[PDB]
Amino acid sequence: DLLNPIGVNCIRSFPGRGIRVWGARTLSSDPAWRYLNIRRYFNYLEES
Amino acid sequence: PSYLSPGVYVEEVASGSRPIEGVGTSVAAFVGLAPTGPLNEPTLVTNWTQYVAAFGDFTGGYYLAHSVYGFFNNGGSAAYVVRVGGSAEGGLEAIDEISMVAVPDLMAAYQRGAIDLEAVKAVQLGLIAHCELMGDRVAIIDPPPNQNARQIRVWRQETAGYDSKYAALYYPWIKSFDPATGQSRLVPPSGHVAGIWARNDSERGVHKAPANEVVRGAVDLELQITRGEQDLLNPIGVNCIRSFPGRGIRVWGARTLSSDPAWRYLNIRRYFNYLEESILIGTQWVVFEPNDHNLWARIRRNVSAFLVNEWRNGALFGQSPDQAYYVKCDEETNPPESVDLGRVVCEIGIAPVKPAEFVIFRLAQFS
Amino acid sequence: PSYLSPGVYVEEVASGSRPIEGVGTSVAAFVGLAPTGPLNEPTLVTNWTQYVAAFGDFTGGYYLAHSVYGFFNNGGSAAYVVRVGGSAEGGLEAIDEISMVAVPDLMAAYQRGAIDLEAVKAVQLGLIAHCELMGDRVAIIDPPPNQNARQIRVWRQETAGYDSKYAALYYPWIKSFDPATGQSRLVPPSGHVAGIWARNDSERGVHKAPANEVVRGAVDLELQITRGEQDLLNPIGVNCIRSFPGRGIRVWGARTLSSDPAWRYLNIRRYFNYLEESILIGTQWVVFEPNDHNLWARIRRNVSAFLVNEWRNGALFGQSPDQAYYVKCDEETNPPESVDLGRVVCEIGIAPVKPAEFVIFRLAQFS
Amino acid sequence: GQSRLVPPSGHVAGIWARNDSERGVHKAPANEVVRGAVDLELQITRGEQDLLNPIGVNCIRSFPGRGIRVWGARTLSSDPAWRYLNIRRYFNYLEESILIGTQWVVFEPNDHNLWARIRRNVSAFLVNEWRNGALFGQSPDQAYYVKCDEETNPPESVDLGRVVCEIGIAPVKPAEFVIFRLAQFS
Amino acid sequence: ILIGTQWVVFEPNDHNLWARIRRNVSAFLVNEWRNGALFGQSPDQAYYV
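Residue numbers (PDB author numbering), protein chains in the order written: chain B, 390 to 437; chain A, 2 to 90, 249 to 526; chain M, 2 to 90, 249 to 526; chain H, 341 to 526; chain G, 438 to 486.
This is chain B alone, in the form it adopts within the complex:
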């Protein structure tokens, strides 16, 4: 909860599910491009 507000993702160990990615964020102060999937989809659309 201290690292989530900043663009720092995590790799977390869960007791029963193992090692998993967690957070799926990027380094951007602008709230328009907070998430990675939006940027990837926009890049795909622009290239096409």
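Check before you lean on any hint, since a few could be wrong.
One side only, chain G facing chain A, incomplete, derived with CB under 10 Å [stated by the list, open to error]:
| hint | residue |
| --- | --- |
| 1 | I440 |
| 2 | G441 |
| 3 | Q443 |
| 4 | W444 |
In short, the hints are calculated from the structure, not lab data. C-beta atoms are modelled at their ideal positions from N, C-alpha and C, and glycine is treated no differently.
Guided by the hints, dock chains A, M, H and G onto chain B, whose structure is given.
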């Protein structure tokens, strides 16, 4: 709530039902003198065997044992006992469940010790003041032993006005048996009326006035009252114990000491005390709340449910729920200036029921 | 504000609501003599156990213990105690919450010490002057013990004119019980009236005149007043304690010592003191302000909200808010010459309510 | 293994954190149980509390049947505008959020499109805050108001490059005194 | 009337008190009239408070 990390959060919304329960009103506290036992301790008794094992039984000729036996004879459930003193030759403010207080053995000191009338008047006034301060208990009073008509009516008005709306006075004394000597002797009617009240509260609801009940356990009265004498004592708060030819000894009058016509009857006061106690006990969760219209809706729902449950037992006068009660809590009674200081009103109004005292027929002849 | 560098600035505009709250008027300060305890220290007591642990209880035959017991018997909340002296054989100006002051044990020195009448008159005049200087407290006065009609009416006019509009005198003494000797004896009515005032202020609003209240613990009076004698004492600021056949001992008259007809009644003075204290406490933020019409609008809004909240409880005489109060703060009452010196007026006018003393019916016969 | 007296410093902070976690920050921590304690070495009656309530002194009260609980939820402020703690906490939260999430607006062409965007963003944030019950009002129109137009942005003001965006909200206050009537009517 | 009115003394003296007094007197007079002790076909013609 605060959301800062991904995951699954489970929370419970406070919106629901919070029922309010009643309280038991069948506990009495007797203060008196006993031969042996704990001193200045409010002991709890629930059966004669406990009283016999603790404070003895019928050896000093005191009025505490007779009163306790009469209270348990009329269907009592639980009692508190305070022993001021005695021979072998109180802190009632710390208790909560007590509903009535009595001092059965007080005229004994007046009869032999010659403690004058000023001391008795001061003790009774102090008991009345304590009852008024507590706001939950009702006092039972008895007059001096040897009086008749045209005397008690004086003693009530020129010497013992009392009023205070928190008392009930029972005039005639009761002659009862004593197995220690196996003889009949006179005792004040202190525990018997408490037992009758407990029996009425157990068999029926607290809204029923204990007006017609048989004083089980007595034998005589040493006094007789006609219709005219009762008609002279009825306007003032003096009840009676009447002998009927075919029905025996019965209570009669069911009134209290109050000049104000608002609290003439005992059952209204008892029901109001019960409602106030229940509301005070089952509402404390409302303090320190966001104070929005949701809180008003919840309070209205809870009060309406409680009042509907009370009305469905026949304790309120009305053919429909709309004519029996009304609860108001909205923006009309909560202006922004009032809610600025953090206040909730929740106006409540009920319509009680009153006992039927005079029954009149006509028996007319018509074509 | 000053803007010199690029960025984001967050500021709060003072425009809003600033509610004004009331003050507690149920604190009394008793000055007297006690056997043992702290000396010349205004101790705070809130229950008899504290008084018993600090200043003892019923051992020197003084009037402080009786007054404190009577005050706590009539529903008192918190008290201040000052002990001038005593045997085992005040700085009230530093306190703020005190609402009334009494000196219950003063006639004791007059009865045995032979301190003459000049000393008593000087002490009472000093207390009156202190009450007037403070401008927040009300004094309770009692007369010398052994007097009757045609004497007190002299003692009030040729010796103890007093007036000053900041006092209330209670004529008859009260006979009360003492458990140390278990005997009845006479005491002045000093703490009982304070307890009655506190009870009236707690149960109902401060605008209700304590005219019909029962003195708890009152046994006898050692004097009887007819209608004519009361009609001779009513025009002057002498209240009474009357015995009614069926209602007991009750207060009667609810008046004060003031020749000016503007402050005849006690409730008006109490309400004005409450309003003045509330306004003085909850207004200090207005000093050193830009003094524009926005400030006038804010002050008018706050005062109007407070007055509306006060009126909605039924403490002001009027069917509509327009007929109950009026607040004026505009350019008509604030000329440029006045605002040059930096002054604000904010004229306020209210219409109080007065108690109903004489009730008259007609009972006419008409066709 | 012994009992000893300590000041109430960390317990109140823990209670504040618990209240902020379970419920929103707008709820006043007025009725919470001090887990971990045992005694108080002092007792307060109603009158003493009534003497301490007008001043900014809170209390920890023992109730016969409910135990040790916080009581009063007030602060040290003579000004009647900030009497309660929850108002101050909510205002701090709002100010911090606004300061953090607005920096993109600086150095913009400063046309009516920017005003529309700012108004839309602030209105969305305020609606989201209000839908959780943290603002007093039956309708969104009675809960908040945001003004950013040509009325509050004259050409003289926009000459220097200034944006105002007046914002006004209506907070909620805790209910301290609960009063019933219990009247008798026909 | 003398016996059952003493509670009215020392009251705030507002229109609520007037309404209460009028209601009480009207109820008493209606109860008295319904027994046939007053001359009138309607309550309006029997009394006025």
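Results of checking the hints against the structure:
{"no.": "1", "hint": "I440", "verdict": "holds, 9 Å"}
{"no.": "2", "hint": "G441", "verdict": "holds, 6 Å"}
{"no.": "3", "hint": "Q443", "verdict": "holds, 7 Å"}
{"no.": "4", "hint": "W444", "verdict": "holds, 6 Å"}
Comparing the model with each numbered hint stated earlier shows that all of them hold.
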